[PDB]
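2 protein chains.
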Amino acid sequence: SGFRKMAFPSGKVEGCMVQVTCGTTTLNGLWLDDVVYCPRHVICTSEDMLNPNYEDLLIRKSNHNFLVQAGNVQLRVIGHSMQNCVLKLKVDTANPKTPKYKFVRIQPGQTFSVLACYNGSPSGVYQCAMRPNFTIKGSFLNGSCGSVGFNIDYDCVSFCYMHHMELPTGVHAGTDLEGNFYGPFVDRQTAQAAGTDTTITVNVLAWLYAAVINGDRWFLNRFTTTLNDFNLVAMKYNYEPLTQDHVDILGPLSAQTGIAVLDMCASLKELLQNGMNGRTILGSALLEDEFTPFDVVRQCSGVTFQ
Amino acid sequence: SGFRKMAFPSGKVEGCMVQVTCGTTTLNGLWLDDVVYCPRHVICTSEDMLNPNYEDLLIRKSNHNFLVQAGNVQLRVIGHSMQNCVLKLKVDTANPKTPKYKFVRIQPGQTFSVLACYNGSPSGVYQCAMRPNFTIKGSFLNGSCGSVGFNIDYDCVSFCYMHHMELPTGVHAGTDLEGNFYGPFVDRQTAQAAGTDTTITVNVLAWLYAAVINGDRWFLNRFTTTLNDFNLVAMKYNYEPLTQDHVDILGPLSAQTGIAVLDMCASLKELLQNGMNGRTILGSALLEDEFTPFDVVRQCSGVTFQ
Ligand SMILES: *[C@](O)(C(N)=O)[C@H](CC1CCC1)NC(=O)[C@@H]1[C@@H]2[C@H](CN1C(=O)[C@@H](NC(=O)NC(C)(C)C)C(C)(C)C)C2(C)C
Ligand SMILES: *[C@](O)(C(N)=O)[C@H](CC1CCC1)NC(=O)[C@@H]1[C@@H]2[C@H](CN1C(=O)[C@@H](NC(=O)NC(C)(C)C)C(C)(C)C)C2(C)C
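Same order as they appear, the protein sequences are chains A and A'. A prime marks a further copy of an entry chain.
Using the deposited numbering, the first residue of the first sequence is number 1, and each one after it goes up by one.
Using the deposited numbering, the first residue of the second sequence is number 1, and each one after it goes up by one.
Keep in mind that a hint or two might mislead.
EDC-like cross-link-like pairs, simulated, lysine to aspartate or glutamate; straight-line CA separation at most 16 Å [unchecked claim]:
#1 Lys137/A x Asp216/A'
#2 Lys90/A' x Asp34/A'
#3 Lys137/A' x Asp216/A
Please keep in mind that the hints were generated in silico from the structure rather than gathered at the bench.
The following block holds chain A by itself, in its conformation from the complex:
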């Protein structure tokens, strides 16, 4: 029993972090096989940031301008290239700690673990969600660039995020491991709009199910509702619309608790219209939306990983 914001074990990713230096800038790289991946603005100076021409900036860098370093051992770059917003440094030594891995571009509302690193060295791990506006609410300081988000599927690490930049309200933007940004962001220091952040309704429902599984039942009411009627209310409190897929995804949690999804929607409806009047649910005084239905099943049934 119990419910906690839980990250994946980070052992398999720790051995893949190196330190990348180009002239003055130092940040983190991801070393898999004989390739190191890092944000391409490592080739920028502070002034270049306002309006970088990456092609032109890259023209005047040779392999020997890139200092790659795994612990005290020192790797040498035999080739570099730009793939979108990431730089791929080809090195002379395949990582002997390369795990089984994939690169995946995740969808908004999915969650993942971030291993925050500085100078190629792990500092900490936490779980976060891709917000519907394609930002994340992370914890990143200067030097954290190149830190990666990941999931695990048994033995296979799925890399999905690389950290690049911060936006005014302490929210964070980055790319997938192919260098494509999530959202409309670009890697330069010029004013940029993030859209409105909405609440991931299906995640809220899964967390309400986790509450119930852990005996926190007071919000369970006696009403029901329809999917169209719920969405009419959710959309006014800035919530994602619920679809029949979402209902199907919640099936396992609905079947374990004996509470139908539409019944749960009616309880959520009331929580949005009346607030929570001072109680908490699973120790929280807000509705939590950074647990997917999979995260809840995994945590409330004990899925392990190699």
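Put chain A' with the ligands on the given structure of chain A with help from the hints.
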């Protein structure tokens, strides 16, 4: 920028988890050098739990009754002993992945990372605090026993907790790595009282400092207070008294923000007396007490570990 409930990287602890089986029971062990550590009630059957006599139960176990297993490799027990509530299984193979480590008994209010495991395999990592009543609010299912809490100091893992048991309200009790319980709990299935849980005031203050460092300043008021006057109010909302030590510990956070501790106490005072009126602080609608001043410094300045 940003503030997250952050766990230590778990790589160095993952390689120390094994699976321990005795007759019917299977749980987790901690394998360091040639010793495996596990909860001693692994030698119990479901019936023995109501009133185990561990000495007598242990009398009828020999080395070959204990199946220890690291992945697919299979270790053999050449000796067993009971140290308080833990069992120390002497094995024939020193763990080649033993990190530099210590055993520490932590004090209430300190935080640590838990690597929740099942069948000797890491499932996830999260951060928690030793509550003032010597429980933790974790996330543990059947099979999680033997999972360990730890901190890191650069290269040295400090093991501080081993999970044993759950109490009615989904709170958890366990031992240090020498087998002594935290709190007055004993390892048998008989009614047992946990005391009242109080709020760790110095942790709340450090989190308020983290708020301010991250620009969340609305609760900063124009009043001040005295340590005796604050404690008179804190003690009525079930808060730990603040001492001059606590003030000294907060010095680094006070110096970074320019807000004196007593001034911060006056803001906290008002938050306890008026509630937070609907806003949030660092995304939370409750006062958070599971960040030590050290956790805040570490996260808001970027301490890394080997
Ligand atoms: C990494 O590059 C690093 N070296 O660690 C760094 C990390 C961030 C998180 C704390 C600083 N990222 C940048 O410096 C990033 C690079 C320039 C400027 N960057 C920013 O994140 C800036 N944000 C910003 O300009 N935001 C908008 C575009 C105005 C919304 C900072 C002001 C935070 C430095 C580039 C290429 C975007
Ligand atoms: C571990 O032993 C395991 N094998 O994983 C197990 C983990 C807990 C967390 C989910 C079950 N612990 C126990 O089974 C533990 C062992 C018996 C009974 N235990 C309990 O935790 C019981 N709690 C309990 O009796 N609580 C009090 C004492 C009434 C407050 C359960 C009812 C949860 C099984 C012993 C030796 C205490």
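Tested hints:
1. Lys137/A x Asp216/A': Holds: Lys137/A and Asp216/A' sit about 15 Å apart, inside 16 Å.
2. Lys90/A' x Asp34/A': Since the Cα atoms of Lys90/A' and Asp34/A' sit roughly 6 Å apart, the hinted pair holds (cutoff 16 Å).
3. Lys137/A' x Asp216/A: 15 Å, holds
In summary, this structure violates none of the numbered hints.
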